[PDB]
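The form solved without this ligand is given below as one chain in structure tokens.
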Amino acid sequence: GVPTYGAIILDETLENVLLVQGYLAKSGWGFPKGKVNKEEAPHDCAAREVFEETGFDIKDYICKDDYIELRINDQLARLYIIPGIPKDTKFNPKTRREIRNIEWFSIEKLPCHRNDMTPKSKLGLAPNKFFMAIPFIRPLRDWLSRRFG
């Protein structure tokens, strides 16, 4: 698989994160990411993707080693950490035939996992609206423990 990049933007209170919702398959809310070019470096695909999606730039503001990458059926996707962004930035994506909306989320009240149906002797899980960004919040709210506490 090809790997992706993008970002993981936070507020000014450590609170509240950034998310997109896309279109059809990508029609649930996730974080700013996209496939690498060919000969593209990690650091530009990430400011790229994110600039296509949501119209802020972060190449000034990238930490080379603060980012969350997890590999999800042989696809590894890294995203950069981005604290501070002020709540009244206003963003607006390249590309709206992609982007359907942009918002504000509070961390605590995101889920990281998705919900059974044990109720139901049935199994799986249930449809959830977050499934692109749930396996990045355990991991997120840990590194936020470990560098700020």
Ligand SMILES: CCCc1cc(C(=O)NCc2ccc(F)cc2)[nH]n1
The other form holds:
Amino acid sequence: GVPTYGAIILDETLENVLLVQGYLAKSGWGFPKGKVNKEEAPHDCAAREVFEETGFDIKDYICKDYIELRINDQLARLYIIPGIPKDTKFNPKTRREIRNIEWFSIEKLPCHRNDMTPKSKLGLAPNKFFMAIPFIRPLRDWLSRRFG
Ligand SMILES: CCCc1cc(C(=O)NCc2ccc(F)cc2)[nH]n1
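Form solved without this ligand already given; the form solved in complex with this ligand follows:
Expanding to the full complex; the earlier chain stays at the top.
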């Protein structure tokens, strides 16, 4: 697949992250991100997707040196943007693609989906944070290294 770029936006306390909820196939909560256009630079795609999806422009706050994961053939890179005040008014451009935009406490998000071992059944229970989950442990580790 085509690389995706976006951001992990944190508040001033570093306890909360900004997630967006789409529709249909993309009905759960995840970090704002999207497909790179041909000839577009990563930092530019990231700002554009985050602007389209949240109304907030990160261009002045991106530091070039993020968390990146190869998930089933596809790279997803989210630039880390700390210190965005919780009272920022976020508004998507395309309300046809984004249902809602909320802050979530990092410490209450799961960093793995639960199994179904009290049902003797294989796989994972559904989780509305499926798309965010793979970034939560790496973000927690990055915040420990960079801060304390
Ligand atoms: C395996 C289930 C597939 C899936 C993918 C997503 C998702 O990405 N939602 C968040 C989101 C929505 C819209 C958007 F523009 C940016 C992020 N949710 N469920």
